[PDB]
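Novice: Chain by chain, the residues run as shown.
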Amino acid sequence: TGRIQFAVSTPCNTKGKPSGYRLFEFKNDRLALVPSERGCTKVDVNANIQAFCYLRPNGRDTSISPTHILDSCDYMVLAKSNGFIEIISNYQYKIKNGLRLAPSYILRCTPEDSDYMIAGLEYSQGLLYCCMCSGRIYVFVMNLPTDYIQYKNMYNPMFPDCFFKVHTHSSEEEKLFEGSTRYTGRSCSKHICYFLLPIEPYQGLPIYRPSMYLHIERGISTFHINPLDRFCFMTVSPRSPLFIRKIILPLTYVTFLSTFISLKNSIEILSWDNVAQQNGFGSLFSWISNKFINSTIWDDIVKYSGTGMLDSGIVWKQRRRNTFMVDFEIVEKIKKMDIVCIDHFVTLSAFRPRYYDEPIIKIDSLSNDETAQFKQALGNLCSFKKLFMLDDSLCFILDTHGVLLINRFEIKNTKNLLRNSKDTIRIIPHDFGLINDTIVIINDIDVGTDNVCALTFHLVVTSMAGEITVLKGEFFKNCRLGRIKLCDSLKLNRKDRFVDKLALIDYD
Amino acid sequence: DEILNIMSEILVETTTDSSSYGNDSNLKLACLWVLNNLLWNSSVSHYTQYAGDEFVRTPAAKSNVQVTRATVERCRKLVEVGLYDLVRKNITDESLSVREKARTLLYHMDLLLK
Amino acid sequence: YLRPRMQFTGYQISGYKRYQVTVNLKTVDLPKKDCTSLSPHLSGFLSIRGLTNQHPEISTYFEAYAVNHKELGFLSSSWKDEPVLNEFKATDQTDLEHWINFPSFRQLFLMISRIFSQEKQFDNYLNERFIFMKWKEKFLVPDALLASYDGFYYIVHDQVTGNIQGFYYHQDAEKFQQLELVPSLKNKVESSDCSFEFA
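Protein chains in written order, with the entry's author numbering: chain Y, 3 to 68, 71 to 117, 124 to 177, 183 to 216, 232 to 297, 304 to 328, 335 to 361, 436 to 450, 482 to 515, 542 to 681; chain 5, 738 to 788, 854 to 864, 868 to 919; chain 4, 122 to 232, 269 to 303, 310 to 362.
Just to be clear, a hint being listed does not mean it is correct.
No farther apart than 20 Å at their CA atoms in a straight line, the calculated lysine to any residue pairs in the SDA-like style are these [unchecked claim]:
(1) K205 (chain Y) to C77 (chain Y)
(2) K138 (chain 4) to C77 (chain Y)
(3) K138 (chain 4) to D669 (chain Y)
(4) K349 (chain 4) to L776 (chain 5)
(5) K674 (chain Y) to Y137 (chain 4)
(6) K19 (chain Y) to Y232 (chain Y)
(7) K293 (chain 4) to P204 (chain 4)
(8) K359 (chain Y) to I446 (chain Y)
(9) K664 (chain Y) to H783 (chain 5)
(10) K351 (chain 4) to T897 (chain 5)
(11) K509 (chain Y) to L352 (chain Y)
(12) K349 (chain 4) to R670 (chain Y)
(13) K338 (chain 4) to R248 (chain Y)
(14) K191 (chain 4) to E203 (chain 4)
(15) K138 (chain 4) to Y232 (chain Y)
(16) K548 (chain Y) to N778 (chain 5)
(17) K351 (chain 4) to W777 (chain 5)
(18) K664 (chain Y) to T897 (chain 5)
(19) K674 (chain Y) to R248 (chain Y)
(20) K658 (chain Y) to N778 (chain 5)
Keep in mind that the hints were calculated from the coordinates and are not lab data.
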């Protein structure tokens, strides 16, 4: 079918031991550990890989080797547990040629208080969001072309338009923001960290500060970026409603950023204090005040050396039995967005935020000869774990006791599932056993009339037992059940190491 | 042959036939555990599921054909003796533990027979 | 799945961090139609170790009482006033919240005084698929002499798949910390049985 390259995070438990990641290969019908020399074993001591994010061009292919105005490189950013983010360029070339996977750029979350937990690390339209479960968000502005996208843990042989990825209401601040912060072009000192400001003094690599910082008084567990609006994000905490919030941009920060970008383009600058002393000013802020507003925002900017303190505003909130919402995703229905959420005690919900606050679709208590097997399979579901969207309608949920395909439009009878059609709900019974992550790769898709699909797929599941398992499965047409089988498995024989979440690198 | 007869006399006991042994669920559970141990091993698990060094393969993922046909012959002998109907009658048993254990054993034997 | 030598593995979400939880049973003594004795129904060792951080392992000896709808009801008002049973009692409202969180509780009661009156006509609790119970850590397992376990666990156990879910309750602590255990698979499908009996 084709080789699969991915990376699995392995954190340790005992103190004074490295916690890192390992690159794995699924080739032919075998799993293999790729021998690779990662970074030095002192950075990973008491700091485990908390998040992965892979940046690559959408339409154009990646570069082969490290004089082009249009960038075509490949990026991996790693989020640690001590507030350090590592950016490594040319990931696949270094993996194939067996080079050293040393970080190229270092990012720091500077307005802080080695026990920081990453609620999320995502990228959208030149903005990198890193949010902490205490409820604090750091925003970095990157110098990337528009066609770069984040590679998710999902492959689909056809590419639907149900996600707002392939491309009036903006205010003046947004217009000057997108005008002043544009992709310049790949040259000397024109790397990805161009619009960032360094800490004035990880070997000799310069460390950079975030562009924006936010703190909300709720604490978040899951976090997503709005694909429609760049400065909009939505968060979920346990036993709390869904929140959709918007960045409020003052004119002072936009003017400061535009003037700073013009000043930098006028002139590697590692310390702006040395340049200010050479220019007879003593500080960059005196220089930009001479070259030039709100007093408090400017004082906040000059106090934290470039980072701007911002305040958010809630634009949507959903409306006793508590909710333990595990996952959600934003889907275009083919502001025309829907939000689909899976909740731990087997519950599925769908909201339309423009028209209603209450859920427009709600399937609750899903567990409450072929029909006997279907009833037995539904009775064994315990707790929903993972959600994917194949299309604008299909929902691919992974429980700990099976796999569900649910068509949320053709359901017409809540609390009595036997009166619905044959292909609206399909179940594969399999004891997964307290998963951590998964990589869905759709090998063979076939859609047919009245929108009924049959597919063959692959699964990459890590568990609390310490096992990495690759499985093959198939959902048929006009059949209420399915079929799964195990292709390969590897067991981690360590009493301290764990097998944490994993990120997909490549699939042929 | 005497142990299989003892197992068949233990499993046939019910609410109305609690004379020879007393319909005790512990003896039924022990007999089902013997029948489970006779039909379960690593090669059968690999055949019916699949299609230091810090990362080792599981024993069920790693000669197996001879062990598999020996286990299938054991299953056919158990069917010919007549314990399959007793396993069904223990699907229709009062206690829950014997019900679930007999259901798992019957599903495994059904999947081995085909 | 509640045999004497049985191991369970899972996690626990405390605050926002995740921990790995292991449970090894020691003695299982589940009563029947008449029970006016306060001997513990379940007993074992519960060990919590860090998964996100480098927190050291804390392992404790715990005991547990099941919920049969004759003497030990769902609400902590039918439980008798005894010095050994007074650590499992919080409030009828708190009990109702922590039990209504589970879907099997609702499916039981759809088939304060009203729920007890409906509880009085239930069937045998050992013939039902789901078993509700409470867990309480007693002391430390390696050396008792050589206390962050002042709360107790609301536990639901499913017999067919044999898995354990629950919540941890303490008044001066965070609320609704999940457990979500699963049986630990062995490395040999053939199993042999040992036994013991208190004289």
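Novice: Tell me, in ascending order, the numbers of any earlier hints that this structure violates.
Specialist: Numbers 2, 10, 11, 15, 16, 18, 19 - these are the hints that the structure violates, sorted from lowest upward.
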